[PDB]
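Modelling step: build the complete structure from the supplied sequences, incorporating the hints.
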Amino acid sequence: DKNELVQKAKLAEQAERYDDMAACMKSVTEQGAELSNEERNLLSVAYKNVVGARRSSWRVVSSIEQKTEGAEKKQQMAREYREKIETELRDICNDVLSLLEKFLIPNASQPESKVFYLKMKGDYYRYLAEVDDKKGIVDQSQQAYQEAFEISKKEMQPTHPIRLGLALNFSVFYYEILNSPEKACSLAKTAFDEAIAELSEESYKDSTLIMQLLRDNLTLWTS
Amino acid sequence: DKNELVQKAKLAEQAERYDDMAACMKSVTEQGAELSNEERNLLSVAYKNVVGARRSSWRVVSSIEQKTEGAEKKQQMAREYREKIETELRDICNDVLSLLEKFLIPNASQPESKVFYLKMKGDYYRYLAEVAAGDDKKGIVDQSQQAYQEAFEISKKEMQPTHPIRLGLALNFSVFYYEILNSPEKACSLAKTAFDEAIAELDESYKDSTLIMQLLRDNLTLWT
Amino acid sequence: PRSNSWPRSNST
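Quick mapping for you: the protein sequence lines, in order, are chains A, B and C. Read in order, the letters of the first sequence correspond to residues 2 to 132, 136 to 202, 206 to 230 in PDB author numbering. Read in order, the letters of the second sequence correspond to residues 2 to 204, 209 to 229 in PDB author numbering. Read in order, the letters of the third sequence correspond to residues 828 to 833, 851 to 856 in PDB author numbering.
Watch out, some of these pointers could steer you wrong.
Straight-line distance between alpha carbons at most 27 Å, and here's what the computed DSS-like set of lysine-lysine pairs gives [said to hold, decoys possible]:
| id | chain 1 | residue 1 | chain 2 | residue 2 |
| --- | --- | --- | --- | --- |
| 1 | A | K187 | A | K115 |
| 2 | B | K3 | A | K74 |
| 3 | B | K85 | A | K27 |
| 4 | A | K103 | A | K157 |
| 5 | A | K68 | B | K11 |
| 6 | A | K158 | A | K85 |
| 7 | B | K85 | A | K49 |
| 8 | B | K212 | A | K11 |
| 9 | A | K75 | B | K11 |
| 10 | B | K115 | B | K27 |
| 11 | A | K11 | B | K74 |
| 12 | A | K115 | A | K11 |
| 13 | A | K68 | B | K115 |
| 14 | B | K27 | A | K75 |
| 15 | B | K74 | A | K85 |
| 16 | A | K49 | B | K75 |
| 17 | B | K85 | A | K11 |
| 18 | A | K158 | A | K103 |
| 19 | B | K49 | B | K193 |
| 20 | B | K75 | A | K27 |
| 21 | B | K193 | B | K212 |
| 22 | A | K85 | A | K74 |
| 23 | B | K115 | A | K74 |
Hints listed in this document are in silico derivations from the structure and should not be mistaken for laboratory results.
Below you can see the structure in the form of structure tokens.
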């Protein structure tokens, strides 16, 4: 049932077993029904920990091989091990992207729902871009950001956390992927300054936290 | 070969993929070769992280089952989820205990290695005791104590109270008396004597020895 | 209480 899968998902989050948490939310998405505001957060947190454990493992293995220029034997093992983590990382994102294009983005009803699933699409394409097909994944990542940025800019407030969160992930995409450290600083600063000019009790925390991360990204980029 | 599996296990540790690290070191032991001073540390760190995630998950889910009394659905879900973690937790311990009994403990030619594997045997039986329901707990607790007791007799005989293996054995043995056997007095007696004898002998590897002695005094303060 | 035994760009 839907109640049992969500209840076990909340339980798997407490036990910190995100593979079970993602499998439950995948089954909720497989049932076609539009996820509520709580379910889309549980689905996101689940796959963010699953896909993030392979990202962190990939950054470590590749960084080790950079110092293995002297030994060609260890360089192969580090290369083979990195590729196995890459294959794991590719299968996770394609799993999320398949659910996004089949069950999620299609049935996106109300506006706030349409913007969240649209941000999630560009993220897991950005995670694939971190690892010929390069420009095909990078542009496929950019369209979801722009399409969601137009909708959030036109019908949401600059104080809504979903609009602020999308501006953050969009600005990171320009710096890390496109190597455009300056077109992103404008987006991060505008979304920040458009909010300080202006919010509900159930939204300040997520809203104010993202603005803190926005100025922390601007400070880091401007070394 | 051996050096290939050990090097890959060192990579899995840095990547924090301990399930990959455990399978690599399990194959090194399954070759019948007596582990070196570094190969047994990698095997230990591997399965301790593998077993620790189930233990940490078991405590949380069990706490929820105790707290959700009154709501049978929220409590039965926790019960069933706990039971699945228990099955994962039991298979891991049985994998290490069968690995210790078939390859590691018999081939141990040094008392340093023998106390290490015996302490390791008492630990994973103790991890099974934290989860046992009945009928089998009596034997699992006894098998844990026998491995601990044999390790304690060899270490006290041929190791010094400043040796980190003897201090760590006294630490885990005292925890066994306190939480498993519910003997909070022999636990303090075991920890205090090993802590005082280490100072009295004091009266490289000393970084590990000083840390375990701080853990002994901390367990004494918590148990008091 | 339990007994004792023995730089990057941020996103959302």
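Cross-check of the supplied hints:
{"no.": "1", "hint": "A:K187 / A:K115", "verdict": "25 Å, holds"}
{"no.": "2", "hint": "B:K3 / A:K74", "verdict": "14 Å, holds"}
{"no.": "3", "hint": "B:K85 / A:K27", "verdict": "20 Å, holds"}
{"no.": "4", "hint": "A:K103 / A:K157", "verdict": "26 Å, holds"}
{"no.": "5", "hint": "A:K68 / B:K11", "verdict": "15 Å, holds"}
{"no.": "6", "hint": "A:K158 / A:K85", "verdict": "43 Å, violated"}
{"no.": "7", "hint": "B:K85 / A:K49", "verdict": "24 Å, holds"}
{"no.": "8", "hint": "B:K212 / A:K11", "verdict": "41 Å, violated"}
{"no.": "9", "hint": "A:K75 / B:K11", "verdict": "11 Å, holds"}
{"no.": "10", "hint": "B:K115 / B:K27", "verdict": "18 Å, holds"}
{"no.": "11", "hint": "A:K11 / B:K74", "verdict": "14 Å, holds"}
{"no.": "12", "hint": "A:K115 / A:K11", "verdict": "24 Å, holds"}
{"no.": "13", "hint": "A:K68 / B:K115", "verdict": "37 Å, violated"}
{"no.": "14", "hint": "B:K27 / A:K75", "verdict": "21 Å, holds"}
{"no.": "15", "hint": "B:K74 / A:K85", "verdict": "40 Å, violated"}
{"no.": "16", "hint": "A:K49 / B:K75", "verdict": "26 Å, holds"}
{"no.": "17", "hint": "B:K85 / A:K11", "verdict": "16 Å, holds"}
{"no.": "18", "hint": "A:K158 / A:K103", "verdict": "26 Å, holds"}
{"no.": "19", "hint": "B:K49 / B:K193", "verdict": "26 Å, holds"}
{"no.": "20", "hint": "B:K75 / A:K27", "verdict": "21 Å, holds"}
{"no.": "21", "hint": "B:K193 / B:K212", "verdict": "20 Å, holds"}
{"no.": "22", "hint": "A:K85 / A:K74", "verdict": "17 Å, holds"}
{"no.": "23", "hint": "B:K115 / A:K74", "verdict": "34 Å, violated"}
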